[PDB]
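Coming up is one lone chain in structure tokens, specifically the form deposited in one PDB entry.
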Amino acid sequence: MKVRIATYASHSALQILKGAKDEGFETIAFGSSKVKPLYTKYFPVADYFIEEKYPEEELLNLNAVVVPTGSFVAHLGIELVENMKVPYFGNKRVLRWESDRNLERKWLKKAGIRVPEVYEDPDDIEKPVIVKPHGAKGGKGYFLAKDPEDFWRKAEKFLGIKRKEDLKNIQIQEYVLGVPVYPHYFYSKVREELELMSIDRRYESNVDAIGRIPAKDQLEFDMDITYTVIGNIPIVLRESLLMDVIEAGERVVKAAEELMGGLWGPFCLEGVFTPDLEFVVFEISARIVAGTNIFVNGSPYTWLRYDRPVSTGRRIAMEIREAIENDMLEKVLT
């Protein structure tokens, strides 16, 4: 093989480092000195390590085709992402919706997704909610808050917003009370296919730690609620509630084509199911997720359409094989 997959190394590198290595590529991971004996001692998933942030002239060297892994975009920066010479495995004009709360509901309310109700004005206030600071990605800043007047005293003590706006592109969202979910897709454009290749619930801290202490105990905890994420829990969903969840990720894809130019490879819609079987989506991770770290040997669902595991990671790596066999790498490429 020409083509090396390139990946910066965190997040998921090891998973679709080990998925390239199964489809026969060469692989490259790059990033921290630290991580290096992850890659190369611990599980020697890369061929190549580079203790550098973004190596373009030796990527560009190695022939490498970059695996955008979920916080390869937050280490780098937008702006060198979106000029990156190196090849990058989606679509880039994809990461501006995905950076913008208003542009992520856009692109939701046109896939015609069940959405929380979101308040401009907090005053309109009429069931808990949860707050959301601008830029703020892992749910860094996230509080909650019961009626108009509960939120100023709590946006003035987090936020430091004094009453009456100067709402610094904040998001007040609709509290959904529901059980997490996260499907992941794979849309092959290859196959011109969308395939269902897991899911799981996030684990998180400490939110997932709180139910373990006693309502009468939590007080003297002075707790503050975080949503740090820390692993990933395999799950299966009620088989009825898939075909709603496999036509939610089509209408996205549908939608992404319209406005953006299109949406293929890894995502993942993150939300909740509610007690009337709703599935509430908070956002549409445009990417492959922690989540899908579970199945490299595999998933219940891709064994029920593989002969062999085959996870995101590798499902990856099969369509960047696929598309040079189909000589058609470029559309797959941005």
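The term rigid core refers to the maximal set of C-alpha atoms that superpose within 1.5 Å between the two forms. Numbering follows the first chain given and starts at 1. First, how it differs from the form deposited in another entry.
No residue in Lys85, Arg238, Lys216, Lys157 other than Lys157 shows a CA shift of 2 angstroms or more between the two forms after fitting the rigid core.
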Given for the second form:
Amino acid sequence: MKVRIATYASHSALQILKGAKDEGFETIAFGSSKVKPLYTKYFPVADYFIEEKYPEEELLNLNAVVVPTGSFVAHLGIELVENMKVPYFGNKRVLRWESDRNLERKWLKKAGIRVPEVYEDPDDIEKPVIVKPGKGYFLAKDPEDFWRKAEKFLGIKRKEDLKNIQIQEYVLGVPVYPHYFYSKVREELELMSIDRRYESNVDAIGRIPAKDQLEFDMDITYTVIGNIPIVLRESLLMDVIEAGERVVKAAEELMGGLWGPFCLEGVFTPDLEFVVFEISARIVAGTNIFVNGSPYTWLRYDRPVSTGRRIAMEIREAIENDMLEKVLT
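Starting from the form deposited in one PDB entry shown above, please give the structure in the form deposited in another entry.
What follows is just the one chain, with no partners and no other molecules.
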């Protein structure tokens, strides 16, 4: 291949570049010098390592296509990405739509996705809510409970003094993260895998007896540490997949389309509702478990297919059918 596959040296670069190698591409990682050994020695998946944040000129010279990851908004910034001259796998317009809370809400509403109800006025609370002044977060049962806690925790003594808070329907369920891939080449959605994200200290507090917890003011945090593989109850799959289809269709109207990997981040309630908190409109690191395929890909492929490999398969096929320009922005 003339085209090389490149990505930032973090997040899911190991999986992405291995998938690229499996499909016959030469690979490029770019990032911190500290992590060069990870990608060239411990897991030798990068044919080139460039010790720079975003080496645009070198990437152009190497005929690179960049695969975006969660490290893109986090480490390079939306404006840098939107202005990049290196071909980008996916639609870079999606970045604003997934990052802006209001645009994301508009997207999910158009896609008919179940999300927590937002309350603009605390006096409209009729079911338990989570108040977001993940730090300082607390629950409120009703308006009366809210105002007592607004006084106790936030020092609010008058209703006109309440400012810059989020009030949201509290939705209790188990975290579930389905990983999708939409092929623009084949015009087809796939379920790639599913994971349960592993977070600290939130996933550690369950090991602490209530009695010991109550002696302290608990400071619950949601730092992402890793990922645990799961499968869903089979009868839940159709609605999870239909949700993915609706998200893609909505994006076709709103932002010029969505293709490649994405994830809907949410919880499953005891009433079997998938309620979505966030959309990640690119590869998520939960896919890293599935370098050797997943319980889902092995239902439909004769070989191991990670999301990383699936990306490289899409690029290769696009090249094979003279439509590479269709999958790049």
